[PDB]
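Q: Model the full assembly from the supplied sequences, consistent with the hints where possible.
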Amino acid sequence: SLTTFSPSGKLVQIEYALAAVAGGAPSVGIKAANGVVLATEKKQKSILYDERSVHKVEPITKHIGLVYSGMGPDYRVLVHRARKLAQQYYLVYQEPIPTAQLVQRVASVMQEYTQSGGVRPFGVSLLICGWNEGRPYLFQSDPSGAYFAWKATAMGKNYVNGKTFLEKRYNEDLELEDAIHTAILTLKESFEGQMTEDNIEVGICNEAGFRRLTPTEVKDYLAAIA
Amino acid sequence: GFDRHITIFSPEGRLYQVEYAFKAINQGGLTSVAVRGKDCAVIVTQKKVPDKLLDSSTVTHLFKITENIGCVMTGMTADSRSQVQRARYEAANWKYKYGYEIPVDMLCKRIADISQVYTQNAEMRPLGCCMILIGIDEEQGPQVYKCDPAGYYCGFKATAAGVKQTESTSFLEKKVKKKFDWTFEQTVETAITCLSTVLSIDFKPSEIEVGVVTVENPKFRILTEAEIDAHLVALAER
Amino acid sequence: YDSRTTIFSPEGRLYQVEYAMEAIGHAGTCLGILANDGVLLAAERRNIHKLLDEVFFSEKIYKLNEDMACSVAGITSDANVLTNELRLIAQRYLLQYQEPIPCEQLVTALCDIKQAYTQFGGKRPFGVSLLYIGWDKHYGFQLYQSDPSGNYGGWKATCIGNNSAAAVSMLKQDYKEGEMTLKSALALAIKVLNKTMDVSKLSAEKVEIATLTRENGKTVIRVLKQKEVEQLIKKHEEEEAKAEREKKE
Amino acid sequence: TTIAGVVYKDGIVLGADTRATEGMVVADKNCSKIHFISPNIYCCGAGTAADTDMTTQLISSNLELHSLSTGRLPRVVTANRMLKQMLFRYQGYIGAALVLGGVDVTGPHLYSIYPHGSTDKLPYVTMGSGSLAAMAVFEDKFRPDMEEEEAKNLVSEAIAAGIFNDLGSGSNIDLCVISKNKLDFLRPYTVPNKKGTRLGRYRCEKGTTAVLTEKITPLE
Amino acid sequence: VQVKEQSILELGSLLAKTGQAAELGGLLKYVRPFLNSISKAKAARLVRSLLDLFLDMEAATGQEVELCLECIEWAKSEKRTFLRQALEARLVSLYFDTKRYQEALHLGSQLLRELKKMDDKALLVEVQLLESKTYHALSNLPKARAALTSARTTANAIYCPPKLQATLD
Amino acid sequence: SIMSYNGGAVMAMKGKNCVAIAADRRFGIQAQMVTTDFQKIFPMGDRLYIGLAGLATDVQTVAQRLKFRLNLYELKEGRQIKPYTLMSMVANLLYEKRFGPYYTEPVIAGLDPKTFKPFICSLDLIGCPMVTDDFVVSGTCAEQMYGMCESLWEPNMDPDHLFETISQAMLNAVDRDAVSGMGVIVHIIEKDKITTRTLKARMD
Amino acid sequence: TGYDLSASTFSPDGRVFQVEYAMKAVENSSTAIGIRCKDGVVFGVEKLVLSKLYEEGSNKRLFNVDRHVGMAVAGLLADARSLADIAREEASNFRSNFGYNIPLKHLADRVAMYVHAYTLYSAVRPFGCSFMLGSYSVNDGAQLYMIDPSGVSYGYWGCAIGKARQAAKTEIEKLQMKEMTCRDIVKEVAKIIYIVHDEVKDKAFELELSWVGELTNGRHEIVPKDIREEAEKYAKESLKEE
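Chains as they are written, first to last, in the UniProt record's numbering: chain E, 9 to 234; chain D, 8 to 245; chain V, 5 to 253; chain Z, 44 to 263; chain R, 43 to 211; chain F, 2 to 205; chain U, 6 to 247.
There could be a bad hint or two in this list.
[What the hints assert, rightly or not] Not everything, but these chain E residues come out facing chain D in the computed CB check (under 10 Å): (1) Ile22; (2) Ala27; (3) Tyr57; (4) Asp58; (5) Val62; (6) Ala234.
By construction, these hints were calculated from the structure, which means they are not laboratory data.
Here a beta-carbon is modelled for each residue, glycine too, at the ideal position from N, C-alpha and C.
A: In structure tokens:
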């Protein structure tokens, strides 16, 4: 729709977008001295569903990953656009894309998709991680397209209490991969039933690149640790 | 201008038209259920004929989307056939531009994206049918997938779609709690008894449609009336 | 199916452009002062939080080219799109003409394209306001302020902040004409950000300052370092110690 | 140019020369003609070198976007398929002669692809200017179900024959063996020819050239 | 091929079932050099399981306290934090049981600074309770009462008295 | 040939911690002489230069277009380009007109902006990259300086020895070409400075 | 209300009212019956003449969309003419591309897709005509189909549409059409038309009957005049004796 400015100078459409995102799935990201961890909770409605069939994290390339909060099909089509855009960057450039560049590309894409008329703007928020030139990178993108840099953040359901908890935690000097246990704690603070083998997804990007965790070590980190 | 008529976000972003489409699917008083066995998958759908004047062979909700994949619909009939033809088109396009039998998930993903771009813009009805695919994939076995008009999908060990949705899911869950290597005739017996106890009708053999795809016969096939009544009298005493 | 948003008011004005004006009114704050030896621009970055990485090297400052620089306020996404368009048109001018655009020609190109955006199409205007600081051989150091309405002008020192008119008033009351005196201009900006911003004690981790000056035919553009910013700040608050000495007399 | 491929019992062995020529002179003495396609599929290019580079790069590109869309390992004949469509749409104006070799779930696959779009499946293929010598070597020495090391020696000696019999082939030999469990890229398999040593000393001593104007720019 | 990684079942279980302390430590040093060959999560869980196997079994403390110390040094080799805090919780429990008086209080200076970096309760609660109990064991009412009240500041949150608030009572 | 319409000669040589890039200054139409002060080497980095021989209008056009794309890239990234990235950009730009190609041979020579690693490469009339460790070439007198390469090159040059070697190489290459010469510009790029020398040549 | 003026919006219960209004507009029109015999398909429609000033045979709802396919119309006639033209050109395109007579089910699917595509958006209204397609061949037998504006294409032994559709299909069902030949089918269809004419509710009327089958050698055509003008004749013996 051709949404325009209110008499208050506020776009009610993007406010509705962020409100719909805030009711979405809780998720957390943390940037440690050896990489970036992304984590999310998927509560399957029944035992009938297959957890391995559909994932919440998708590798754009060997070293870039993005989790989300909000709409599902919107997220998967945005995964398609992000993968394709990073790919033509590699086509023109013949080097892997740095994180921040594809960040403003997808932020731009959000800007036209909330600018062009006829189309309803997107109702998802995205969290991006990568390892570029040794320095890790983690950013957040809103539906309106304003991209922010965060070393630790929480987006989704009850995200403000998670933000306060990672304010108390996360001294940002954890050179090891202990921040993944902190992310497990942050999710367990809002976990509904139990921390199980499949409900929690965790993804890591280290110097070796971005690698989706096998649920075996997910059950391992669920065990003993918390 | 409020979004109760056109696809725009709301206070708390409630897109009313998609639940409206879900109710439109539930308007058609029919139900289907899909059950995946150890090496088989079965779709059991009930049908109703108002009179004998209509040709009962013409009414069919099961469709051979490819030689190895079967699909079944619920909603208004014309939109159902339309998206059947679109999935047929995309399957044939994939086969032509790639050269192999498309996996079930790729068809599911592509038409999910089609539903997403339907519901993304205005001036386009966001469609009113739900979809079930059954198939076999190499080194994967049988696969059963479901799509909505909203573009959502998942993987299911077994599921159902229709008006009497919830009790079907509860019965299926309490049956799969003691799963223990479902076998072919046992799968179709359990599916038939599930549909029967959901509808409480004790249907005669000529009211049902059954479609089974198997590792032993990777070509998707349609069950005839003879084996239907054979399975019914097999499940008659039990 | 009801969206006109392109027609004039019954009295003559436009609802959209005034909504854009008051949308800029609650946006962030950035200010600039011309001088004979150069130009400075100071802003406070919003959403100052401990979890920001701050790896963009003064994101509120956008170097449009090697000579002339920008600052924006309003919607960040529209700001990104607009600044990319400024880069495109400026470097198209560099391609067509092997010399930098002076200052104002690109400003006029932006005003044209934003007028066309607020003339037809039935789409929303871009609620972004920009400040342009640069150098040319025609007029030395040149400053311009582009409102989203399309109007622009050549104010010597101004802002588009949430307290825009306030700082305009203190600048009007407290400007010396024709005196470059770059340190005094920095002190002027420091005291203006002191009196205008509601927050006190003037945390250097809340403000950013960028400078542009002609040097060896290059027009070097720098961003003041954190240590330099806090040093200038602390020098500013120790400057106001003798003001509160007359008291009784 | 001499490129070749051999199907053996556990996968594909690809080989190529390292001589790249312009006009009559050789341009590159260590050019790489075996190109990365996917972690299970590789391609060797011949003819116009930039054309082969762009073609392999963009086909490979669509190969990993397909793999990411599918979440699985890609297959060889799909790669060959869009190679042949990409070449046939352009009516052979792009002169890329290709050897595609890989191993997927369906097994090993090897194909020879013409710039005009014709594709062929063979257990052994040769292409390039020195295609005929390597083809003669293969027809003399290939037998089905070849061992890995013997196939390596066969491909190496075929590329050496193409080097020593065709003027457009020379310098080094690179190999690439693709299996189900492993993949090794032997860039410089063997070095049959070395540069001759230099006898005279032609060291341009300091002060030999006079200068009209100078400038020095220090760097930060 | 790594299938001996999960092979603490037979002997590690029989250590607890039969009951012996020296063989548990011998197993602890038996896989100690091999421990830098597996995943860090498996290493952490295995270390925790082997330690709490015999940390409640026997009071033959001629080996167990330096086993805890060498596991702390192994943790510092791995540089794992929550692993570490669990280890000093275990050692201060063992020290309170063995009652060697002094450096239990030297736990507190090595604990409180860490537990006030983060809003952590359960580790802080148990270390405050054990410090108060040990300081009462030397029979000094005032500072033990002060420590008890300092623990009683954290009289919120939690979920139950599983071990914590009942021991507080 | 249309290549041999104007002439032009560009050379780049690799040293131990430095690079050299030289070019003839002659511009003319076939045998007719236009000007002896034409520019073929262009600075697009603090340590990174491009030599361009070929059609002079194509040289100027692609130089302006790559400067266009380069500063657009550098303003977008906020960082200086790598020589390998610049090679990719040159290949993409030149291949964008495969059916309408520019008539020139680009040569890229420089150091790494962070590690100061020398880098030299040459691209054809359709952007095929030849990245070398010894020398790269461009021009109508190509085989002359090919002989200069294979009879004058030794690894790990000193920057002055680099300068003398490439100076004698370009001089003796252009002394046998009727469409090249009229003064040689030589750039030596090292970590802390760049020295450009205009050589005394033959003026006939 | 604001949720019934567009073909792209939804009611809260999950319904579209534009297509329901289209169904009401179709059922406002008069009746038409298609029937499948042992060898072929017979179409029987009645048309109300509005005034004697018409030169007879005007706007006959029966059309020959194909040489071997006939069709029957109820609803709005201009949309019917458009659909008839679409069917003709699509059969033309099929036999141009494929080179044989198009199956009835295939063209029924194509016109179903076409009529359902116009329900999707709001720029175009749903159609106001329901029609029937009949065909016969030796390769597949006798085929009959019925399509509503919403896009539902169903086969029938015998189908009816119109105001008197209830009693029409009532008296269709009480006949064993699977055993009767076309000559009996003609007299049955005529009798049912005369019953459902309802006489007093309308003005004077006219009859139109169309044939496809092996008797017409598979080529659809109207009934001959000698086979005609007897419908009233065996009507008048079969009229009710009060």
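Q: Determine for every hint whether it applies to the structure shown.
A: Each hint, compared with the structure:
no.: 1; hint: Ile22; in the structure: holds (9 Å)
no.: 2; hint: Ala27; in the structure: holds (6 Å)
no.: 3; hint: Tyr57; in the structure: holds (5 Å)
no.: 4; hint: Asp58; in the structure: holds (3 Å)
no.: 5; hint: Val62; in the structure: holds (5 Å)
no.: 6; hint: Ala234; in the structure: violated (28 Å)
Checked against the numbered hints given earlier, this structure breaks only hint 6.
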